[PDB]
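Left out: one protein chain. Kept in place: all the others.
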Amino acid sequence: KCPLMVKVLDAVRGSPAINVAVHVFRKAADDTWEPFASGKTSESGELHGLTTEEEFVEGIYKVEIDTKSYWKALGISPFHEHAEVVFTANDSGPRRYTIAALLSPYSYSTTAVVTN
Amino acid sequence: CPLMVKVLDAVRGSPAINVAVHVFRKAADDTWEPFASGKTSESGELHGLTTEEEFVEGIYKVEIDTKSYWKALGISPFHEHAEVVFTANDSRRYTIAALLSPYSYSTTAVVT
Amino acid sequence: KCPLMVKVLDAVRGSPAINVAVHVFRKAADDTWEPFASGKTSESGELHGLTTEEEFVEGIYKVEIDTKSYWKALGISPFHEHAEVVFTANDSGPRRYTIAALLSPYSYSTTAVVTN
Partner (left out) sequence: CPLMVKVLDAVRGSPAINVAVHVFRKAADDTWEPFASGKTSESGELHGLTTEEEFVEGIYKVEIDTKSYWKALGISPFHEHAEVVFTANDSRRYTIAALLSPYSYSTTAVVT
């Protein structure tokens, strides 16, 4: 299985958010953010294949979603620079994580679905 | 003010102004009687709907006319309206807040 | 394809909302709500097979999600009686509709994803 997936929806058009840039970081032993994985959502607004179970070890992760470039190419000037989701992962063994974000120019919501 | 309504616009980051709101009480025959109504003010709020005397235990529906709000802004919406249905009992002050987007809304109750 | 699907998530547990009752109605020519379809979300919190393209004609629909029974069997007394989503469908030809609801005891959110 694929342990980390990202799903993005547009709440203005009622559609997947397509071609949204995503960057994932893991908190360093030295207290800082190391690049972990990056990608772009597809035509269904999903991003698969960021990591593997082997490489996705315990840690603190930050999933940064580049909402402002997205809204920009649609002629919108949004409030947020981006949407960042920060969470501890795999601290009681391996899990599968989907991080969904719902986007509006001045609002966004994010929910995590974690299965075992 | 036992019952207040607060509407926001997630496209523009602003109160949602002049939104028609209709409130209904469920009658014993299972249908909705009009109870209160109004339009949101400049701060997206609607106060003075009921009084403590009249706001007795029961099932109330609050209906927010979101489709007109979007239509007047030139934006095409998904929902006919947004409806919030709950039971008021005595075991407070109720704020019903709604956050609007054309294809998405949320609603939260703040009970204090 | 399957023209109307419902997806329900629990925002307290970060999981699909399983065994959630859903009732769909269509607005009558005589101004009232006729029963159109009903079902229960599965282990992924999805409900498929409510209708067919042939039977899913233009109209106004109401998708009622029985949030209070759900929260009740988990020992929670929620605010809402249910979550109802009301929308015009297929008014410019057939579409596919997913109605997602996100649920918390005093809050819920619903978004529609409409594709063609």
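Lettered A, B and C in written order, each chain numbered from 1.
We adopt the following convention: a residue touches a chain if its C-beta (ideal position, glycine included) is under 8 Å from a C-beta of that chain, and two chains touch if they have at least 3 such contacts.
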| item | value |
| --- | --- |
| Sole contact to the chain not displayed, among A:4, A:22 or A:85 | A:85 |
| On chain B, residues whose C-beta touches the chain left out of the figure | 8, 10, 13-15, 99, 106, 108-112 |
| Interface residues of chain A (partner: the chain not displayed) | 60, 79-82, 84-88, 102, 106-114 |
| Those residues of chain C which, in the complete complex, touch the missing chain | 9-15, 79, 102, 104-107, 109 |
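Note that in this section only the chains that are shown with their structure count from here on.
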| item | value |
| --- | --- |
| Chain pair with the higher count of C-beta pairs in contact (A-B, B-C) | B-C |
| Rounded Å distance, chain A centre to chain C centre (Cα mean) | 26 |
| Centre-of-Cα separation between chain C and chain B, whole angstrom | 20 |
| Shared interface positions of chain A, touching two or more other chains | 9, 11, 14-15, 102, 109 |
